[PDB]
Amino acid sequence: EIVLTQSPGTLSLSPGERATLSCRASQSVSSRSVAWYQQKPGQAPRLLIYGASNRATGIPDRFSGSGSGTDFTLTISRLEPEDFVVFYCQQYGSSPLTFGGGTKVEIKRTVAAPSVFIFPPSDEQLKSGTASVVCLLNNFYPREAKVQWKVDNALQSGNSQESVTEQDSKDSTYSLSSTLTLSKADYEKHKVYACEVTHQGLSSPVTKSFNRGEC
Amino acid sequence: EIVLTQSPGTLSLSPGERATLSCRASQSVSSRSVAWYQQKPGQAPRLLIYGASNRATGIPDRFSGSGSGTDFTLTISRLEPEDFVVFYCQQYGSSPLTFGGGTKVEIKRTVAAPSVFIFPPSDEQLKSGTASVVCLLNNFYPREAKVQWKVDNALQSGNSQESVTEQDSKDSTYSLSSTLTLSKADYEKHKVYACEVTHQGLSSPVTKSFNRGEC
Amino acid sequence: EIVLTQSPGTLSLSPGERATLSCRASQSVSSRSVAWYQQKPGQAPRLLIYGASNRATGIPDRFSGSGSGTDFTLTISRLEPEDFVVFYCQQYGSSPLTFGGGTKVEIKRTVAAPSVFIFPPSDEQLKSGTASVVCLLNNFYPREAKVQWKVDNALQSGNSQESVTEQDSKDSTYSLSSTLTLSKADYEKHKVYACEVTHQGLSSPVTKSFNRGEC
Amino acid sequence: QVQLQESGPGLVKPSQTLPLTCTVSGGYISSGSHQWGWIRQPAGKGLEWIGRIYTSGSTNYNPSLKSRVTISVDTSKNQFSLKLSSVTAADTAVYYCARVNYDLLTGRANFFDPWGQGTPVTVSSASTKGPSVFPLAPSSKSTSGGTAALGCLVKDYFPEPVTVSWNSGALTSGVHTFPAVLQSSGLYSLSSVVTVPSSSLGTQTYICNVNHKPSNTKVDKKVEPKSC
Amino acid sequence: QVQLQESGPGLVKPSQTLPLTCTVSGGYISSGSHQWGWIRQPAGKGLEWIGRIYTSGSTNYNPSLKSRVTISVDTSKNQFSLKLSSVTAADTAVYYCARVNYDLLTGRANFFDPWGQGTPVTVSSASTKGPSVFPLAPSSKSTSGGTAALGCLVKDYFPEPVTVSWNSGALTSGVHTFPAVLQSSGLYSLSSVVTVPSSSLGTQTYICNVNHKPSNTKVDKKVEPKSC
Amino acid sequence: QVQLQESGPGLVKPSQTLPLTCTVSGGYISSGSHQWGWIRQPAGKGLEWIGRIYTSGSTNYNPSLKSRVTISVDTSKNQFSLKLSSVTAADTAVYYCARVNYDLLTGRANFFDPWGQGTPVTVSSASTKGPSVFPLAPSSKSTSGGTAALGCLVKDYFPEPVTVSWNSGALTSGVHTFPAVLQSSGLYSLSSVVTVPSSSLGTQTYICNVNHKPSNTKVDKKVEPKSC
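Protein chains in written order, with the authors' numbering: chain J, 1 to 215; chain L, 1 to 215; chain N, 1 to 215; chain I, 1 to 228; chain M, 1 to 228; chain K, 1 to 228.
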């Protein structure tokens with residue numbers, strides 16, 4: 001089977017410029033048999049190009065593709081607010097059918113730094129024997145960031161979950177959060193907790209922490 | 001074998017204007033079988049056009065070629081700073097494969113005149129039994145120029161070497177130099193030397209000379 | 001044989017407009033086998049289009065042709081000062097080869113009226129037994145005009161010649177002249193002569209005449 | 001124009017079969033030069049082919065799924081179905097039914113236009129359970145530059161979705177709803193946080209409206225700064 | 001590039017033959033996929049085909065000229081020739097030799113690129129004769145709005161051309177040279193008229209320089225207003 | 001993507017053989033529709049083909065080099081090699097290994113994309129030798145309009161290259177490095193001249209830094225106006 005690789009993993013641009021996507025095939029694709037799809041997050045995919053050069057009916061003329069052999073390209077003359085979505089490349093020159101990996105397109109923006117907030121666990125949850133600690137990152141960019149949980153200055157691994165919202169429609173910034181789950185016995189035993197953030201916009205890591213029981 | 005000829009030998013133009021290159025074949029080339037290569041000085045060549053009309057992947061759209069029979073053309077819509085370089089044409093319609101001669105493209109500029117400088121041979125070299133006399137031309141244009149060495153008003157032939165630097169990146173002017181090599185006996189015997197320059201910018205030839213031993 | 005007709009006989013426009021020429025065939029022409037030629041007055045013709053859609057090497061991109069069946073068109077995107085010359089259409093879909101009639105293109109200009117001058121015959125010509133009378137039209141437009149010779153108020157037919165210069169390069173106006181040739185006996189017998197001009201710019205015909213022997 | 005609509009359970013315990021049906025309108029399965037197939041898309045991953053079928057009854061399956069996949073066609077009702085056996089938690093995904101193009105000479109499957117609406121499927125043995133709302137009360141630790149943050153925590157609910165709104169939709173600015181995350185126990189959990197000015201903490205007592213259709217549970221919890 | 005050059009007498013009396021030769025440079029007649037033919041263009045008319053020839057020696061002629069036309073090829077000297085017999089005054093024209101394209105399958109003649117320079121031919125029995133310059137003196141009849149005209153009349157000359165200049169080329173503005181017109185007697189004649197201001201009539205005595213290469217005759221005549 | 005890298009001695013005395021090896025990465029020689037060949041480019045001239053090879057072991061060579069060239073393929077290591085015999089000073093060039101396209105029907109070599117990086121080769125019997133730096137001291141003959149010129153002369157060095165810098169790279173403006181020129185004796189030589197203001201001659205004593213990797217020779221010589 002032909003293995004299709006799509007790069008870059010993410011493509012960042014301002015509105016209005018030109019976007020070009022690459023789908024490279026592990027071996028020759030017969031008769032220029034490649035097609036491209038565009039999926040809005042939370043919606044069924046869509047057909048844009050078939051045969052690597054033909055445009056589907058009703059597709060805006062700003063979408064065009066070309067190529068042959070083991071390299072095919074999709075180019076957009078001018079981006080639109082609704083063109084920042086995932087894109088997939090398909091090959092059907094040799095069975096079985098295979099898809100690409102997906103190339104997300106995001107709105108580029110000036111670098112911004114996160115605002116680190118911390119929240120102690122609530123009493124009602126503690127009554128149930130479970131404790132949750134969450135450290136929040138708000139309006140940051142780029143998306144990439146790394147966070148770790150320290151208990152009594154001891155690194156925590158294998159017990160932290162991460163969640164990031166989709167790019168906002170107003171300021172085009174994400175919002176990350178790491179949740180720490182520890183049973184009641186573990187929470188009471190330890191006394192100090194802290195969340196650390198490492199991000200491009202921040203020259204040095206910024207630490208926010210709370211002390212258990214501190215009114 | 002089909003002999004390919006490329007003209008003009010050199011093409012001079014300002015940035016942004018249109019450049020057209022010609023590769024004429026001594027015999028019919030079957031199935032429009034010609035490709036064009038682009039080599040940066042001191043780098044491996046590059047493929048631009050194959051079949052005389054098809055553009056290779058990742059090549060800027062400003063490059064286009066066409067033709068049929070025995071007349072083929074490469075045209076650039078708008079020049080760029082990095083397009084003032086050598087170009088080659090190949091034919092592969094009938095074996096064996098053959099290349100062109102090369103068509104250098106240079107940045108055109110207002111005519112400038114050379115500044116002729118002279119340098120007597122150095123004493124340290126003189127101990128070794130060898131004497132070198134060099135007359136230097138700086139910041140002139142066009143490239144073509146002719147220089148001769150006269151010893152006691154006697155023309156020197158077969159013992160002069162010429163070297164020219166590549167077109168500069170700031171003022172786009174060349175710098176020629178002729179080196180005269182004569183053994184110890186020949187240098188001592190003669191007393192007067194001179195290097196003469198003829199160039200378009202100079203209304204009349206300009207002579208600079210030195211007298212041996214003149215402090 | 002297929003008979004080719006080209007209309008209009010003459011085509012007038014200002015520089016810069018779009019010019020379209022029609023070549024209609026009396027019979028179906030196989031495989032879109034029509035070609036176009038452009039001849040500068042007093043020069044060998046030139047090949048522009050072959051096959052009714054393909055452009056010859058080195059022809060400006062403003063020349064394009066199209067059509068099929070029994071109707072073919074040559075269209076110029078933007079006229080140029082040197083594009084006001086004759087154009088020929090050829091068909092080679094069925095032997096024997098045939099050409100068109102020719103469609104002259106002229107520079108359109110504001111209507112202007114002719115200036116009618118008259119010239120009595122010279123004595124030197126009279127000594128040889130021949131008399132010539134010429135009425136001159138200068139700097140007029142459009143080209144078409146009609147002139148007749150009257151002797152003693154008697155219309156002259158079968159003995160008048162007309163010559164017109166080519167469109168001028170400065171004011172783009174023609175200059176017509178009619179020459180009347182009559183032997184010595186005929187000239188002496190008659191006493192009154194006149195040349196009449198009918199032209200668009202003139203509301204009514206303008207007559208200039210001379211009386212024989214009137215100093 | 002041709003339209004397709006999926007239909008299925010949406011929640012299958014492990015080791016059963018997954019029956020899905022796609023109903024075609026605006027076109028006839030028998031009279032046409034198209035095949036009909038299924039695609040899926042696991043959460044946070046790319047599209048994966050499953051198989052196809054023709055009006056004649058001939059089918060083609062993904063080699064990695066040929067042993068479990070089974071597709072059938074019912075031209076009388078203008079439908080085609082899918083039967084995936086031995087389902088596992090790794091089979092959770094959104095399933096699509098499309099209209100497969102093909103080449104007349106060889107009959108192989110070309111591109112996949114048009115597509116269906118899609119239908120999520122979850123494969124887990126967990127039983128339905130309501131949420132446990134907890135308040136993320138604001139504090140000086142969460143206040144920076146005169147701006148404070150607060151949220152309402154949802155934990156131990158299953159299955160999706162959970163709709164969270166603030167002040168019955170009156171407050172919409174600054175509202176962030178974190179996507180749910182699977183836990184080791186097999187239960188989902190998410191946190192909703194909204195940023196509000198610090199000066200307004202002592203003026204408005206915000207409310208997190210939590211509703212859970214699968215369990216028909218509606219709970220409202222008030223968020224206020226901790227007395228400590 | 002390929003180039004073509006014609007060669008011929010240029011003046012043939014009626015009822016003889018018309019030999020013309022075209023010499024090819026920059027290309028070889030034998031080694032190529034082209035034929036070679038002739039075209040003409042009678043004065044004030046359109047192009048007319050004559051015939052072609054191939055390296056193998058096969059020829060095709062215009063049906064209306066098949067009886068008189070004869071074309072031959074000399075590959076050794078890289079030339080091809082034309083022989084038109086029973087020439088008549090209607091055969092006056094400008095003859096071109098071109099490179100005929102053709103289709104491989106059938107061998108018929110396609111379009112005609114490139115062309116030669118051309119060579120005029122005149123078919124008449126008239127003998128060489130010099131011109132008879134006469135002055136078209138200005139008069140009040142030829143003066144309008146302060147502007148006067150005058151010219152120098154040439155009559156009974158043969159063959160073409162005749163070069164007429166004013167003041168040895170010093171005066172060029174307003175100079176009109178009428179194309180020659182054939183007369184019933186078989187002799188050509190043309191008139192050159194130049195417009196000059198009326199006030200300058202009594203200041204400059206213009207000169208019409210008439211020169212005739214065929215007869216090696218050079219004549220100058222001065223034009224002044226008639227004393228009458 | 002596919003990449004190519006050459007490998008060879010770089011200095012061969014006359015009459016030996018020239019072994020070069022090209023290693024392919026990002027693609028497999030056996031599984032593909034491309035051939036692999038060699039090209040060269042002698043100093044100051046155009047590209048010249050040498051030969052090709054296929055995975056099957058079939059080769060094609062330039063007719064003018066068919067007697068001396070020998071090309072072999074080693075699919076196990078993903079490599080192909082070149083062997084040029086009876087090398088001569090005319091064989092000096094930069095050797096490239098490319099990926100040759102071909103047409104399926106006939107198997108002939110089409111265009112040459114992509115290319116390798118290249119590897120210079122010098123064919124001479126001269127032995128390694130260090131440079132002889134000499135100062136081109138400025139003088140009133142070399143001063144024009146208040147601007148003076150000076151340089152540092154390098155002679156009798158082999159092989160290339162020689163790096164010349166002024167003031168350890170501090171001075172870069174106005175620095176000209178003349179390309180080396182081969183001499184009759186077989187030794188290279190070049191001169192570097194930098195233009196500096198005349199008034200600055202009595203303020204700064206410039207330095208020409210010469211380094212010569214092949215002989216591991218590093219020499220520094222100071223340039224000052226001649227006392228004469």
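In case anyone wonders, no lab produced these hints; they're calculated from the structure. Check each hint, because a few of them may be wrong.
27 Å max Cα-Cα, derived BS3-like pairs, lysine-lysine [as the list claims (entries may be wrong)]:
1. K141/I - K150/J
2. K155/I - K208/J
3. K150/N - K222/M
4. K45/M - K127/N
5. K141/I - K208/J
6. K13/K - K146/L
7. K213/K - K184/L
8. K208/J - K226/I
9. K218/K - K208/L
10. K213/I - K184/J
11. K191/J - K45/I
12. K146/J - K213/I
13. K191/L - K213/K
14. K208/N - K213/M
15. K40/L - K213/K
16. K150/L - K104/L
17. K146/L - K129/K
18. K40/N - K221/M
19. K184/L - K45/K
20. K189/L - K226/K
21. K45/I - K127/J
22. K184/N - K222/M
23. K40/J - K218/I
24. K40/L - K222/K
25. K45/M - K77/M
26. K189/J - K155/I
27. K146/J - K218/I
28. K213/I - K191/J
29. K222/K - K208/L
30. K226/M - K127/N
31. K218/I - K127/J
32. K155/I - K150/J
33. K189/L - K155/K
34. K221/M - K146/N
35. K155/I - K213/I
36. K150/L - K222/K
37. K208/J - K222/I
38. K213/K - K208/L
39. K127/L - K45/K
40. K226/M - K40/N
| said: Of all the hints numbered above, which does this structure not satisfy? Sort the numbers upward. | reply: Failing hints, ascending: 3, 4, 6, 7, 9, 10, 11, 12, 13, 14, 16, 17, 18, 19, 21, 23, 24, 25, 27, 28, 34, 36, 38, 39 and 40.
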